[PDB]
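Peer 1: For reference, the chains in residue letters:
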Amino acid sequence: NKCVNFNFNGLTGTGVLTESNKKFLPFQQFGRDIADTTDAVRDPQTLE
Amino acid sequence: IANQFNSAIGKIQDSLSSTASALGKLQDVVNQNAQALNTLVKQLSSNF
Ligand SMILES: *[C@@H]1O[C@H](CO)[C@@H](O[C@@H]2O[C@H](CO)[C@@H](O[C@H]3O[C@H](CO)[C@@H](O)[C@H](O)[C@@H]3O)[C@H](O)[C@H]2NC(C)=O)[C@H](O)[C@H]1NC(C)=O
Ligand SMILES: *[C@@H]1O[C@H](CO)[C@@H](O)[C@H](O)[C@H]1NC(C)=O
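Sequence order for the protein chains is B and A.
Counting from 536, one number per residue, gives the positions in the first sequence under PDB author numbering.
Counting from 923, one number per residue, gives the positions in the second sequence under PDB author numbering.
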């Protein structure tokens, strides 16, 4: 809930992070928008 | 002449309450701007 220069696993970007309610399956690391741009991520240190 | 007019305004009201396609002149002008923007967002997925 602040704007940040985030980087997960080398997927660098800029944005405000938030608690999602998407259910990524165990094999999925990233969720994508209609523009092939990442709009959700699972954190690699806590699996939320 | 008043009864025919009042009845014809009644037929307009019921016709507009019944068919969808008559306003297609306006709905198509909304659909074309929406489709043009959906296409412009999709092009952010092209590798070029
Ligand atoms: C010119 O056209 C008029 C129709 O737009 C027409 O009016 C219609 O006249 C008939 C009787 O001749 C009416 O028929 C109904 O009459 C009563 C109910 O009011 C019922 O008992 C009958 O069963 C029947 O349903 C129409 O209601 C009436 N329509 C309107 C809008 O008034 C004129 O008679 C025509 N004039 C001439 C000079 O031909
Ligand atoms: C990462 O660190 C925490 C705190 O030390 C630890 O509890 C957790 O097990 C670690 N994460 C993984 C994926 O093991």
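Just so you know, not all the hints are guaranteed correct.
Claimed, not checked - Simulated pairs of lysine to any residue, SDA-like, Cα-Cα distance not exceeding 20 Å: (1) A:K964 x A:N953; (2) B:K537 x B:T547; (3) B:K557 x B:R577; (4) B:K558 x B:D574; (5) B:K557 x B:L546; (6) B:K558 x B:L582; (7) A:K964 x B:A575; (8) B:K557 x B:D578; (9) B:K537 x B:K558; (10) A:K947 x A:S937; (11) A:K964 x B:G566; (12) A:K947 x A:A958; (13) A:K933 x A:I923; (14) B:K537 x B:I569; (15) A:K933 x A:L945; (16) B:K537 x B:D571; (17) A:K964 x B:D568; (18) A:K964 x B:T573; (19) A:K964 x A:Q954; (20) A:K964 x B:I569; (21) B:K558 x B:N540; (22) A:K964 x B:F541; (23) A:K964 x B:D571; (24) A:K964 x B:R567; (25) A:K964 x B:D574; (26) B:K537 x B:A570; (27) A:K964 x B:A570; (28) A:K947 x A:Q957; (29) A:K964 x A:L945; (30) A:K964 x B:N536.
These are computed hints drawn from the structure, not numbers from a lab.
Peer 1: With reference to the structure, classify each hint as holding or not holding.
Peer 2: Structure-based check of all given hints:
Taking the CA atoms of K964 (chain A) and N953 (chain A), the gap is near 16 Å; set against the 20 Å cutoff, the hint holds. This hinted pair checks out: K537 (chain B) and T547 (chain B) have alpha carbons roughly 16 Å apart, not beyond 20 Å. As the CA atoms of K557 (chain B) and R577 (chain B) are separated by approximately 10 Å, the hinted pair is consistent with the 20 Å bound. With a CA separation close to 13 Å, the supplied pair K558 (chain B) and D574 (chain B) stays within the 20 Å bound.
Among the hinted pairs, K557 (chain B) with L546 (chain B) is consistent with the structure: their alpha-carbon atoms are about 19 Å apart, no more than 20 Å. For the hint pairing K558 (chain B) with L582 (chain B), the CA-to-CA distance comes to about 11 Å; that is within 20 Å, so the pair holds. The hinted pair formed by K964 (chain A) and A575 (chain B) meets the criterion: a straight-line CA distance of about 18 Å does not exceed 20 Å. Among the hinted pairs, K557 (chain B) with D578 (chain B) is consistent with the structure: their alpha-carbon atoms are about 13 Å apart, no more than 20 Å.
For the hint pairing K537 (chain B) with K558 (chain B), the CA-to-CA distance comes to about 23 Å; that exceeds 20 Å, so the pair is violated. In summary, the hint linking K947 (chain A) to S937 (chain A) is supported, as the alpha carbons are separated by about 16 Å, within the 20 Å threshold. With a CA separation close to 16 Å, the supplied pair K964 (chain A) and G566 (chain B) stays within the 20 Å bound. With a CA separation close to 17 Å, the supplied pair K947 (chain A) and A958 (chain A) stays within the 20 Å bound.
Only pairs whose Cα atoms come within 20 Å are accepted, and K933 (chain A) paired with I923 (chain A) is accepted, the gap being roughly 15 Å. Distance check on the hinted pair: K537 (chain B) and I569 (chain B) sit about 24 Å apart at the alpha-carbon level, beyond 20 Å; violated. Pair hint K933 (chain A) plus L945 (chain A) holds up; C-alpha atoms about 16 Å apart against a cutoff of 20 Å. A distance of roughly 23 Å separates the Cα atoms of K537 (chain B) and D571 (chain B); the hinted pair therefore is violated under the 20 Å criterion.
A distance of roughly 10 Å separates the Cα atoms of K964 (chain A) and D568 (chain B); the hinted pair therefore holds under the 20 Å criterion. For the hint linking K964 (chain A) to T573 (chain B), the alpha-carbon distance of about 14 Å falls within 20 Å, and the restraint holds. Taken as a hint, the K964 (chain A) and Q954 (chain A) pair is honoured in the structure, with Cα atoms around 15 Å apart against an allowance of 20 Å. Pair hint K964 (chain A) plus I569 (chain B) holds up; C-alpha atoms about 6 Å apart against a cutoff of 20 Å.
For the proposed pair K558 (chain B) and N540 (chain B), the alpha carbon gap of about 24 Å is over 20 Å, so the pair is violated. Proximity of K964 (chain A) to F541 (chain B) is assessed by CA-CA distance (about 25 Å); at most 20 Å being required, the pair is judged violated. For the proposed pair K964 (chain A) and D571 (chain B), the alpha carbon gap of about 8 Å is at most 20 Å, so the pair holds. The suggested pairing of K964 (chain A) with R567 (chain B) holds, with an alpha-carbon distance near 12 Å, which does not exceed 20 Å.
As the CA atoms of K964 (chain A) and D574 (chain B) are separated by approximately 15 Å, the hinted pair is consistent with the 20 Å bound. At roughly 23 Å between alpha-carbon atoms, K537 (chain B) and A570 (chain B) are farther apart than 20 Å, so this suggested pair is violated. Proposed proximity of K964 (chain A) and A570 (chain B) is supported: the alpha carbons are some 5 Å apart, at most 20 Å. Pair hint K947 (chain A) plus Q957 (chain A) holds up; C-alpha atoms about 16 Å apart against a cutoff of 20 Å.
Of the supplied pair hints, the one linking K964 (chain A) and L945 (chain A) is violated, its CA atoms being roughly 28 Å apart against a limit of 20 Å. Restraint check: the Cα-Cα separation between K964 (chain A) and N536 (chain B) comes to about 28 Å, which exceeds 20 Å; the hinted pair is violated.
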